[PDB]
Amino acid sequence: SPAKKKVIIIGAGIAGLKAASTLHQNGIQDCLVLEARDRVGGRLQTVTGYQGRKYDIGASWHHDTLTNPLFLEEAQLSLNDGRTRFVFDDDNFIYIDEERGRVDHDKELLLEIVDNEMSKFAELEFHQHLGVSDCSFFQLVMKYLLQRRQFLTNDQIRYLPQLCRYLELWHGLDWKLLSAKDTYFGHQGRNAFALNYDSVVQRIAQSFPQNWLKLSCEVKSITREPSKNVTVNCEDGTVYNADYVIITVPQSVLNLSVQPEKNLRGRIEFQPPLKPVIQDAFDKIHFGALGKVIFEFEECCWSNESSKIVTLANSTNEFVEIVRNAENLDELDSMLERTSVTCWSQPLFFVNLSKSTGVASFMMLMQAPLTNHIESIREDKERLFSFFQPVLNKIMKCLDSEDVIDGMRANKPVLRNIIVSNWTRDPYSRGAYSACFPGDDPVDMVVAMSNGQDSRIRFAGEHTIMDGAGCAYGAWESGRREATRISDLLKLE
Amino acid sequence: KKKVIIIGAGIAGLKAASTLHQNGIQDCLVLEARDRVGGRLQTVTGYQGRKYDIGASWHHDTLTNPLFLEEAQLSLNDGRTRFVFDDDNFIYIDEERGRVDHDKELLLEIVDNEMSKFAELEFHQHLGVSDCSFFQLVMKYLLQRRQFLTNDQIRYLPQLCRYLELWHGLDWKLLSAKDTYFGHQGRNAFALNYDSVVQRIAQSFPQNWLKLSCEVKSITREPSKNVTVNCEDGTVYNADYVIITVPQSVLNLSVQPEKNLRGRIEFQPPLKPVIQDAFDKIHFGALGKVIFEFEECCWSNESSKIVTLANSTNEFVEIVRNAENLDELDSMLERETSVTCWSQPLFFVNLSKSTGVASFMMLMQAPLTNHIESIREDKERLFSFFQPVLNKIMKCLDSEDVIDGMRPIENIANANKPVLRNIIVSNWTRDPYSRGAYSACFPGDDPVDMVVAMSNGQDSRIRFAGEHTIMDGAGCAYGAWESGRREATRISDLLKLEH
Ligand SMILES: Cc1cc2nc3c(=O)[nH]c(=O)nc-3n(C[C@H](O)[C@H](O)[C@H](O)COP(=O)(O)OP(=O)(O)OC[C@H]3O[C@@H](n4cnc5c(N)ncnc54)[C@H](O)[C@@H]3O)c2cc1C
Ligand SMILES: Cc1cc2nc3c(=O)[nH]c(=O)nc-3n(C[C@H](O)[C@H](O)[C@H](O)COP(=O)(O)OP(=O)(O)OC[C@H]3O[C@@H](n4cnc5c(N)ncnc54)[C@H](O)[C@@H]3O)c2cc1C
Ligand SMILES: CC(=O)N[C@@H](C)CCNCCCCN
Ligand SMILES: CC(=O)N[C@@H](C)CCNCCCCN
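Chains as they are written, first to last, in PDB author numbering: chain A, 5 to 342, 349 to 419, 427 to 510; chain B, 8 to 343, 349 to 511.
In case anyone wonders, no lab produced these hints; they're calculated from the structure. There's no promise every hint is true.
Unchecked claim - Mimicking EDC-like on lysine to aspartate or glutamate, the simulated pairs with C-alpha atoms at most 16 Å apart in a straight line are:
{"no.": "1", "chain 1": "A", "residue 1": "365", "chain 2": "B", "residue 2": "110"}
{"no.": "2", "chain 1": "B", "residue 1": "147", "chain 2": "B", "residue 2": "341"}
{"no.": "3", "chain 1": "B", "residue 1": "312", "chain 2": "A", "residue 2": "229"}
{"no.": "4", "chain 1": "A", "residue 1": "312", "chain 2": "B", "residue 2": "112"}
{"no.": "5", "chain 1": "B", "residue 1": "111", "chain 2": "A", "residue 2": "95"}
{"no.": "6", "chain 1": "B", "residue 1": "407", "chain 2": "B", "residue 2": "95"}
{"no.": "7", "chain 1": "B", "residue 1": "224", "chain 2": "B", "residue 2": "287"}
{"no.": "8", "chain 1": "A", "residue 1": "365", "chain 2": "B", "residue 2": "112"}
{"no.": "9", "chain 1": "B", "residue 1": "312", "chain 2": "A", "residue 2": "95"}
{"no.": "10", "chain 1": "B", "residue 1": "429", "chain 2": "B", "residue 2": "410"}
{"no.": "11", "chain 1": "A", "residue 1": "111", "chain 2": "B", "residue 2": "265"}
{"no.": "12", "chain 1": "A", "residue 1": "9", "chain 2": "A", "residue 2": "159"}
{"no.": "13", "chain 1": "B", "residue 1": "365", "chain 2": "A", "residue 2": "112"}
{"no.": "14", "chain 1": "B", "residue 1": "404", "chain 2": "B", "residue 2": "95"}
{"no.": "15", "chain 1": "A", "residue 1": "312", "chain 2": "B", "residue 2": "110"}
{"no.": "16", "chain 1": "B", "residue 1": "111", "chain 2": "A", "residue 2": "247"}
{"no.": "17", "chain 1": "B", "residue 1": "365", "chain 2": "A", "residue 2": "110"}
{"no.": "18", "chain 1": "A", "residue 1": "111", "chain 2": "B", "residue 2": "95"}
{"no.": "19", "chain 1": "B", "residue 1": "288", "chain 2": "B", "residue 2": "95"}
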């Protein structure tokens, strides 16, 4: 009864998609790609909004374009047919405080310059100094302010910490939840905004047998037979027999396996259960919640100086005084004690799409915990508008325009629609991507994952590889990885 | 007669002396050829008594710079201003286009950043593997990334990225690509009187220890456990330990004949091969300075950092867009006279915004440095040479063309106009006791060799200190300083524990 297959890939995100592609490319046949959702792409999804305007609600950029193999591959295609597949949208960041207004490229604040010294400080703190404890990013910044207070103006001590928090939108984690040791990463080049990441999903997906794809099939268990074989069960009752399986479900979904209770959407029952080195790796790596909110306006009626804008959370002169009077980090923490969440309670990152793509919309990024709350009320459009109205306005103000007008039903910006991500509530997602809490060793997971459950049960995905960890191109490389090792193995006869 | 003889009263030698005295050592000498102390640290006086550092000006790497931190402690204690953090957002000026910085369409700093990462990637974990010129490296980047660069970026970026010439004092075709990028260990602090740093150290040991106008002609290492030293004036001194801090450029004269040269020290026994070999894998740059003193500030103080860009051509763009490969680029370029102020990038420090003084401290590089220092007395000529770039700056800073006011003459109808009252030029490439600015690398060099060669000394008695004898702070004021404490401590302990 259990139909035989050479390779069964679980999950049709970019990793599984690339794995299948690579398998077909190497002549392997009778493979299956089982996907729980009614679409392929996974954390890569392009949704439609006001008037057919398209937006990537998952991944948007090709990072590390100097070495990104996925990007270079896309780049080659565009060189051959002159088709626009992406756009380099890095720009000079415009920073905004609720009161103080724009604070970027400020001849007195010089925030970008001290920010640079701070990252140099962090680098010096961990590089070479083996054995140093981890601590949160926040604690790292406080330590910076303490050690360099003699060389910083009050205003710098007040705003730098708020401005350097934009790093939160890289990990999807608030600075108190983020591991300092993992905060700074080396960008290997500019970023390229994909103008349709779905084009990349479709191109790869159509590079292998259509019949290979089975959507709406939720894999519920995987068993290793003593007789060198792997059995897989979709919830629709069908059973499969395969030589090799490549599991690409998100780290957060895979985590569900190391827990009792199998009736959890997305959870896979492993038999034998996942090796201790794999189960334990979950105690040393976590999941962040980067989220998105798309603001669609009728038309652009604001300044297009830049395509990158970050709103700083509120700061206070009281904070400066505390930094000035604290004897040490201990006292500083104690002194920090002196009441509800707003759009100014954390930094927010807005992509002014008008300048980069011509679309009169804003693509905003948020982080945990704000993300979990916003996505939870993503259906209440008027409440979202109420929540994001003040920063929405402050922005228009700095961009030489007027207050936003709610038009979700002449010379002012009119909000037509609001789209929200839903990655934290989606059972086949459960967050955005792998991230580190303080004390986490992302390497434990990568190692346990790339070494597999055994010669037959493998893993791929953004959380299974070092180079490009947490990125679309990393997940892509892992797919290529696992598929190639198997291709080679299958060749031997 | 003497225990330790220090050659050179630069910051290196002055620290070595300060240290030795700090460790109770006595009967030491500081033999200095110039009639002043400080070496490449010299503060001059100009119009209305304004002071400027014609030599070193900044405390680099303030996050870890030990000399700066010592200065920082002194100021936290007495509240005396000893420095001011002057890093600023750079204003870039092109003759034809004007301001090209923080441009919403050129976004030059962003590609410059990428250019920088490409450089780290090209040399990262490969082991030497063909070291080219900073210029070549930039061409490779342009060729390799043209698909993701606009025409204006390919044109202006290479000109902007050349501010790095002002960090080595070397034109991009003479400069080693492998060494071009440094590790800016935090912000820079403009020393408001490096002469204060020099004076403090000079006055921290017996004043009778210092001997100015002493040109050491030769150092003799008598196998009978002792070192012989004699200045050009005939006097002879004897010491168990000798700390040589003459600059690398001066020291390099020893490994060459004709011991007639000024400042050259004849070594007997000669400097071992390891030492002499070092000079083949390291060189000297020529960072220079020109101070333009104005009556008063009448320009916008938006920034204290201003860089004028060398001219560029769309012609250059076209070649990049057409080159089939690297070798072809070289030809199309090698086939693509008169030096002017627009022939290279010039770095202008606007002192008005940082120190309140109506002057510009301009930095220049080789090959330009020697030419300008050569005419340092021809004020009129100096003015006609920089005039156009000076007006381009004033225009961009919402002001007017400069008026030559160096010769005592007055006119009332000139208050909203910048008035040049004086020009001061450095002279390091022509000073026989410095012969350049500091250690630098031509493509193919390897600084470590000299650092090792120097740090391990000629032997247990003849040692070396100076900006070129250390890794951390190489070519910097704190590097030489530390090298001084180094040789000092070592020699100090080899005497204290004795008896
Ligand atoms: C909001 C957001 C923004 C981001 N921005 C960027 C960016 O700009 N640049 C970048 O490079 N990366 C970005 N990322 C990360 C990037 O999207 C991921 O690294 C990438 O999508 C991971 O692909 P994957 O194949 O590893 O996992 P996935 O895309 O999650 O694929 C795994 C598949 O497994 C399926 N599945 C789960 N459980 C089962 C089951 N039991 N049975 C069958 N199928 C199942 C899931 O439905 C999913 O389709 C972002 C991510 C998010 C969420
Ligand atoms: C234009 C310029 C700008 C610079 N800017 C900076 C900066 O901003 N920040 C920074 O950290 N560094 C800067 N530097 C570098 C810094 O000036 C040097 O690294 C430092 O001054 C070197 O000190 P030293 O003791 O090693 O050598 P020196 O200062 O050259 O001292 C060596 C001494 O040896 C003496 N001497 C030579 N021959 C003999 C002889 N035969 N007998 C007796 N005495 C002799 C010389 O007169 C000299 O006084 C700059 C240098 C220059 C030239
Ligand atoms: C590793 C990490 O923190 N992030 C990777 C996985 C993707 C970040 N890119 C998403 C765009 C957010 C804007 N910085
Ligand atoms: C030996 C070495 O590579 N160091 C020299 C070339 C760099 C010195 N940098 C100090 C110059 C600061 C003034 N712009």
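These are the hints, each one checked on the structure:
1. 365(A) - 110(B): Between residue 365(A) and residue 110(B) the Cα gap is close to 14 Å, so the pair holds against 16 Å.
2. 147(B) - 341(B): 15 Å, holds
3. 312(B) - 229(A): Not OK: residue 312(B) and residue 229(A) at ~70 Å, beyond 16 Å, violated.
4. 312(A) - 112(B): Holds, at roughly 13 Å.
5. 111(B) - 95(A): 7 Å, holds
6. 407(B) - 95(B): 20 Å, violated
7. 224(B) - 287(B): 23 Å, violated
8. 365(A) - 112(B): Roughly 10 Å between the alpha carbons, so the hint for residue 365(A) and residue 112(B) holds.
9. 312(B) - 95(A): Judged against 16 Å, a Cα distance of about 21 Å means the pair is violated.
10. 429(B) - 410(B): Status holds; Cα separation ~11 Å.
11. 111(A) - 265(B): 54 Å, violated
12. 9(A) - 159(A): Between residue 9(A) and residue 159(A) the Cα gap is close to 64 Å, so the pair fails against 16 Å, i.e. violated.
13. 365(B) - 112(A): This hinted pair holds, its Cα atoms lying about 10 Å apart.
14. 404(B) - 95(B): 20 Å, violated
15. 312(A) - 110(B): With Cα atoms ~14 Å apart, residue 312(A) and residue 110(B) stay inside 16 Å; holds.
16. 111(B) - 247(A): 55 Å, violated
17. 365(B) - 110(A): 14 Å, holds
18. 111(A) - 95(B): 7 Å, holds
19. 288(B) - 95(B): 35 Å, violated
Of the numbered hints listed earlier, those contradicted by the structure are 3, 6, 7, 9, 11, 12, 14, 16 and 19.
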